[PDB]
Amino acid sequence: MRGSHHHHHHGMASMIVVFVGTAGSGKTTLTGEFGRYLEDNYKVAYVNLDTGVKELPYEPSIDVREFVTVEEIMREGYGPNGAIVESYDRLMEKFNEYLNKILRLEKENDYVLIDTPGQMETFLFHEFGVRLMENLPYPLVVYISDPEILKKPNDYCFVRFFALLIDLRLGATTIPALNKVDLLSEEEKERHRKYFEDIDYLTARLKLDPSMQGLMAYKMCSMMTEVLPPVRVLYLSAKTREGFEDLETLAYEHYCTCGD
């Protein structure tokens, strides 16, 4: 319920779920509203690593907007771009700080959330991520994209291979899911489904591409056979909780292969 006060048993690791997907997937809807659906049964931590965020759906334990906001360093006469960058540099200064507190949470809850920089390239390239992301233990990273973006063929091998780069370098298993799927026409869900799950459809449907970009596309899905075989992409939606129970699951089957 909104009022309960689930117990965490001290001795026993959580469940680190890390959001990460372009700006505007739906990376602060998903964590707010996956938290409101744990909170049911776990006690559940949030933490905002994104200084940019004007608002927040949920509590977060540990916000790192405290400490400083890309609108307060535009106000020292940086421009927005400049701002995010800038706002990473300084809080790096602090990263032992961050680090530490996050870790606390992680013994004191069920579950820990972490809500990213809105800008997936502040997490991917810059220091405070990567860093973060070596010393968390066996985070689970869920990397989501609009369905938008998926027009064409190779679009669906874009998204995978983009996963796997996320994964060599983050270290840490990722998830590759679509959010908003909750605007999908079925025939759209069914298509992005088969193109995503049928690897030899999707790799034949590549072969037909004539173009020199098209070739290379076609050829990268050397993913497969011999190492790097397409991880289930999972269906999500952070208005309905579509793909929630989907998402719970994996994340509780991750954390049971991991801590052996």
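In this text, the rigid core denotes the largest set of C-alpha atoms whose superposition between the two forms falls within 1.5 Å. Residue numbers count along the first chain shown, from 1. Compared with the form deposited in another entry:
Superposing the rigid core between the two forms leaves a single residue from 68, 199, 53, 62 with a C-alpha shift of at least 2 Å: 199. For residue 209, a C-alpha deviation of 2 angstroms or more is recorded between the two forms after rigid-core alignment.
Next, report the structure of the form deposited in another entry; the form deposited in one PDB entry has already been given.
Chain only, nothing else included.
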């Protein structure tokens, strides 16, 4: 039950799940709702690494906003993007303190869910995100996309290649995911399934496009197949809980694979 005080055998490895995605893709909604789903059976901790957000739908165990917020920095004269970068520059003076706090959490909880800066570039291109990721034990990254971006074959290539680049940059296993699938018709869902998950098939379709862009997509997609095995993809809805069972399975499978 959610109201149970679940016990974690201290030091028994936890599952650290890190949600990453462009601003508005659903990281925060997913963090809260997936955590609520897990709370029935597991001891869950939440980490908020976003300095921007006004209201969280979960109760954070760690909340970087207690140190500084973007809104506070803007009151000092910064523009919003200037303030975002500055908030993470300032947060770096507390890096070891936050890192150590998260490590403590991983020892005391079954799951640690980490909700990242609202702009994924703040997480990928700032030392704070990079250094954190380097120092966590086998975190699982779930990279969520908004299906609205996926209109033509080349778009599927773009999103899958981006996921590979996140893996490269963060040095962590990255699961490509769609969020907001509740907004999709069954016809829409099937189209996405055709192109988004089967890379051999996507590659084949890109090969048919004789244009410069198609050629490029075909080369990148083909390289991707050789640089990365198959990989399971997720179709999630942070609103309806669609795909949560799938995510939970993948996390447990990653858990088992790690530490062997």
